[PDB]
Amino acid sequence: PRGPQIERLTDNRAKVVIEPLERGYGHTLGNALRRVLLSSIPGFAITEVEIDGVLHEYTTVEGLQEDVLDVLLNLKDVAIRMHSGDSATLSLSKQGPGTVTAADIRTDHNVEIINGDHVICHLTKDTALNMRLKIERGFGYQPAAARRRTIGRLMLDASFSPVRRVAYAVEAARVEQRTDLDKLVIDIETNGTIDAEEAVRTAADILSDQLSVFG
Amino acid sequence: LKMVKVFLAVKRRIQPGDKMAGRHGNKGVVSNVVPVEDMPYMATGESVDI
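Taken in sequence, the protein lines are chains V and L.
If you count by full-length UniProt numbering, then the first sequence holds residues 11 to 158, 165 to 231, one letter each, in order.
So the number in full-length UniProt numbering is just where the residue sits in the second sequence, counting from 1, plus 1087.
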């Protein structure tokens, strides 16, 4: 066997190359890797947000344009990467006209915001905005009702997925002292959270600890 | 003497046992909620939802 290489076509989507494998290993290995990568990979997402001047998620906030709850819906698309942490509180502040981007928030030293140019809302009047939000981590996907007294705190569904789609296809290799070898590549499109090689390493570690029930 | 009215707001989720139809005239009920890793997928990587 040989260690996998990686080609970087795009900074958000990479691909790994695994070679060589015997007959009957490549299809089941790619299927198991796709199943583990799309089943449960731990990442970070948003949690319940404590908003200052908004009572509940159906009011009319002054200065902010055209929505209240759709700001909370569009705030789920941000990417959170943390180093040695599982709970962090962030808060943003903006005043005056202009749009509100994801990079305009006040982050921590370890908390880094990926693709911060994503739009959140729009401010049309000279007003303040302070939304204190939390970041939790876990595995799989948990809704708002399964996780959970202050009336000023609103719940929000946590749907973390560091990868979006994983595809793979086998091909024919070229080794002289044999007849055919199964060479395969794996397309991994991540949402700016974790690298594709580290995702492959964590998926292989999860499958190795899952295959320890027999030995 | 006194009459009060309280307005509630409930977000209805999607669950097995819900009737859902199309525009071409194919009415039916939903069956199961399968995870995305156990769904058919094309050569590009797009997973079929329905």
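Quick caveat, the hints were computed from the structure, so don't treat them as lab data.
Quick reminder that beta carbons are idealized off the backbone N, C-alpha and C, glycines included.
Warning: the hint list may mix true and false statements.
Distance ranges between label pairs, derived from CB positions [to be verified]:
hint: 1; chain 1: V; residue 1: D62; chain 2: L; residue 2: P1127; range: 41 to 49 Å
hint: 2; chain 1: V; residue 1: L223; chain 2: L; residue 2: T1131; range: 21 to 29 Å
hint: 3; chain 1: L; residue 1: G1109; chain 2: V; residue 2: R157; range: 29 to 37 Å
hint: 4; chain 1: V; residue 1: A155; chain 2: L; residue 2: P1127; range: 45 to 53 Å
Calculated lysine-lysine pairs in the DSSO-like style (CA-CA distance at most 30 Å, straight line) [claimed, not checked]:
hint: 5; chain 1: V; residue 1: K86; chain 2: V; residue 2: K135
hint: 6; chain 1: L; residue 1: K1092; chain 2: V; residue 2: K86
hint: 7; chain 1: V; residue 1: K86; chain 2: V; residue 2: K25
hint: 8; chain 1: V; residue 1: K144; chain 2: V; residue 2: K104
hint: 9; chain 1: V; residue 1: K144; chain 2: V; residue 2: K199
hint: 10; chain 1: V; residue 1: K25; chain 2: V; residue 2: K135
hint: 11; chain 1: L; residue 1: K1098; chain 2: V; residue 2: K144
hint: 12; chain 1: V; residue 1: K199; chain 2: V; residue 2: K135
hint: 13; chain 1: L; residue 1: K1106; chain 2: V; residue 2: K86
Going through the hints against the structure:
no. : hint                         : in the structure
1   : V:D62 / L:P1127: 41 to 49 Å  : holds (46 Å)
2   : V:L223 / L:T1131: 21 to 29 Å : holds (25 Å)
3   : L:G1109 / V:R157: 29 to 37 Å : holds (34 Å)
4   : V:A155 / L:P1127: 45 to 53 Å : violated (30 Å)
5   : V:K86 / V:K135               : holds (25 Å)
6   : L:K1092 / V:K86              : violated (34 Å)
7   : V:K86 / V:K25                : holds (26 Å)
8   : V:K144 / V:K104              : holds (19 Å)
9   : V:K144 / V:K199              : violated (44 Å)
10  : V:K25 / V:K135               : violated (46 Å)
11  : L:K1098 / V:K144             : holds (23 Å)
12  : V:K199 / V:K135              : violated (59 Å)
13  : L:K1106 / V:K86              : holds (29 Å)
The earlier numbered hints that this structure contradicts are 4, 6, 9, 10 and 12.
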